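Trainee: What follows is each chain in one-letter form.
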Amino acid sequence: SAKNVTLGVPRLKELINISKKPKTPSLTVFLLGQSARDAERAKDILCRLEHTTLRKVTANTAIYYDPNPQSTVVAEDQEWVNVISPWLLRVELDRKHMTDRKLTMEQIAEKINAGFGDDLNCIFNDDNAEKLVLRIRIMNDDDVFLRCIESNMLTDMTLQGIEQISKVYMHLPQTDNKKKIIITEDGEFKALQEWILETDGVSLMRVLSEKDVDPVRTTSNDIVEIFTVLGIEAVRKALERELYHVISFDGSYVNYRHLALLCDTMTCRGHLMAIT
Amino acid sequence: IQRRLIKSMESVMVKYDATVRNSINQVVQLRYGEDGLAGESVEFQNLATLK
Amino acid sequence: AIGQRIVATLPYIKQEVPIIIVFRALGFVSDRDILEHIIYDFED
Amino acid sequence: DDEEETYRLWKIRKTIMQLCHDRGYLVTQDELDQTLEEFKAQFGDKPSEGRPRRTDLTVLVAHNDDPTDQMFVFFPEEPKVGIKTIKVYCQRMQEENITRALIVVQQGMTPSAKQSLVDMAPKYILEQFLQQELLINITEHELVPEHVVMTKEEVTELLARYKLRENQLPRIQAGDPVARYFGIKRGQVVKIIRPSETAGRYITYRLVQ
Amino acid sequence: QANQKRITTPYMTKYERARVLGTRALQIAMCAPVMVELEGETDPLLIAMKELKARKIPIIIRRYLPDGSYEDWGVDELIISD
Amino acid sequence: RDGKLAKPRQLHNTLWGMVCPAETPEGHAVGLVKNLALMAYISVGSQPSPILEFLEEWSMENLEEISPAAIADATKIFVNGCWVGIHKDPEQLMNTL
DNA sequence: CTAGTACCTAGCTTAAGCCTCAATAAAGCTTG
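Chains as they are written, first to last, in this note's numbering: chain A, 6 to 281; chain B, 1347 to 1397; chain C, -15 to 28; chain D, 31 to 239; chain E, 2 to 83; chain F, 4 to 100.
Everything hinted at is true.
Cross-link-like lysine-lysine pairs, in silico, DSSO-like; alpha carbons within 30 Å at most:
| # | chain 1 | residue 1 | chain 2 | residue 2 |
| --- | --- | --- | --- | --- |
| 1 | D | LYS70 | A | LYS216 |
| 2 | A | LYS216 | D | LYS44 |
| 3 | A | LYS48 | D | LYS44 |
| 4 | A | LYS172 | A | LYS8 |
| 5 | A | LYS25 | B | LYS1353 |
The set of hints was computed from the structure by calculation and includes no laboratory data.
Whenever a hint applies, use it, and build me the whole structure from the sequences.
Mentor: Given below as structure tokens:
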């Protein structure tokens, strides 16, 4: 599902000319334990990584002029039973993405309260009605301020997941090298087929610094990011792996002599000496 | 790409110290291919004691 | 902010000019008349 | 939100203690590999307005060869630490007979404090680290090979053996994560032991610049 | 360097083999005295090949080490590849 | 030429019967230099004025005559790319043309 | 008067310079 990995001559250019912005930066995140074994905990790790803004979960957004919060211009007995500005905000979410990413109105409201402080109060409907409503006021440049903060909060709020990683894939690998490999009590290799997950962005540091994520095997396919995170020697090995990947993808063979020499002369000065 | 690769490595050579140094005697590898061996005289083999 | 403004870079003009200013310069003082030339059905 | 912060601080402490063990400072195995439960019972599960707070969870260690040089680590409560919030640490630096220490900041340190850390560096060789950066031991990663810091006599032995001067070696910049992890000045070469798919093991030497 | 301290390979590399043969057959072409009794062959390159095989070429090779030093290897004294 | 954007060079679907799909130089002018199909003919141009007088006399209205009240339900007529007028009945004018 | 000829006048990428914005220490009030 994510074979836009841009192999061949473009990848050779992206490696030789060490580019800050590759066309397809991607992770190969591995999992530590029982999460690597079952799919549900793998999905739980997936949702904590996939970046999610509040646009992803809402159906539509509308603002009204309710003179009294007690009046409830919209017929909602939840606000009646729950209950200072007249200009309010109303957003409707959908159950689909809500239960796909396992959030709560309490979590969304506490995210809003942490991001914006006590400049606004969120009044959210309980997770019992068919409709998913939370109302927004402003506590005490009158309503266009609310319009602008609505736009800002929809654009970037990071309800779940981490930034710069837009979409993450999940699959069981078939190739033995990408599969986890162990040694049994009788000295076998016993190729294990555990869950892995690949991304389309790159952080390499907020990812490995996460619970149940294996910080021993997670490569990031990004030479500059590897230089920033792991250091020049890890850069040499990762660059060798990515440079051998494009050559051996065709099935052709190039002796390790030349790959080692290139990755050495490109990294013999302590910095990423792009060949330009 | 080929010309750009060549112009970055055109002076890298194996000295009589058996090490690999560029034009300014900066050491790139202590042995060529980190083994000191020619690439045209090797073969594919299988490690029997492995697995 | 507001978002999605419409500009119209014009020949022999160094910078882009918002289209409504172009219409007012063309001769339409009002706003309903200008919108009559862009959106043809006001019920949308 | 305190279980996540307690786990984060436990991993920070574990990575710092492993960093000290690799750097050469004396650490017991009990503190080297303690589970999260020992950290909970020894500090308190409540980083928000509770007893597992910074500043008296800091670590002091000493080198194996002689217990004279000592290395503190410091976790400031401030996200963006400043000069006034590091001059206190410098005053501790002076009131003790210690020489160097670490600072694991919460957010990015201010440029004025960075310039200070540059300025009193020869007197006190202290460096910084990030909260994010120390949640994983990068040396444990498969891409990072075995780095070993050479002593001066064996550096001279290496140079005399290979009949090459100090600047002809492959070099490494002091700002990259592995060299910053060990903690090493310029003009100090590092043994780097890595496996070779061609002939077994290969030893390379990177000098700090 | 002294004869005791010789760290270079005792094998005559392909480049030394090519250049020694060329520069010795050139000398034979300029009527230099041959070091090996020939059997009527007239080509200086074959004459130089015969001298190399018999290990009689009156030439030594100066191998410059990277540091700046050098070693004087006599053609008779190091192993020919072919 | 010598550009890495292959999109202009590619054989487009609208080349059917007007440009030879096979015939093109193999050098740095692939797809840029293209010959002409056999029955493909290139229009030479003529004045649109007779079409204009023919159009203005069936049931269509010029822009100056109508108001934009009735412009949404009807169809817009373009002649050489300039918006000439508006017609209520697209059918039986297409057939007439 | 005119002619002939001789002299005068498509995209990329990456550094790299240039434009603005947030801590911060001197400079001087400020009241304790």
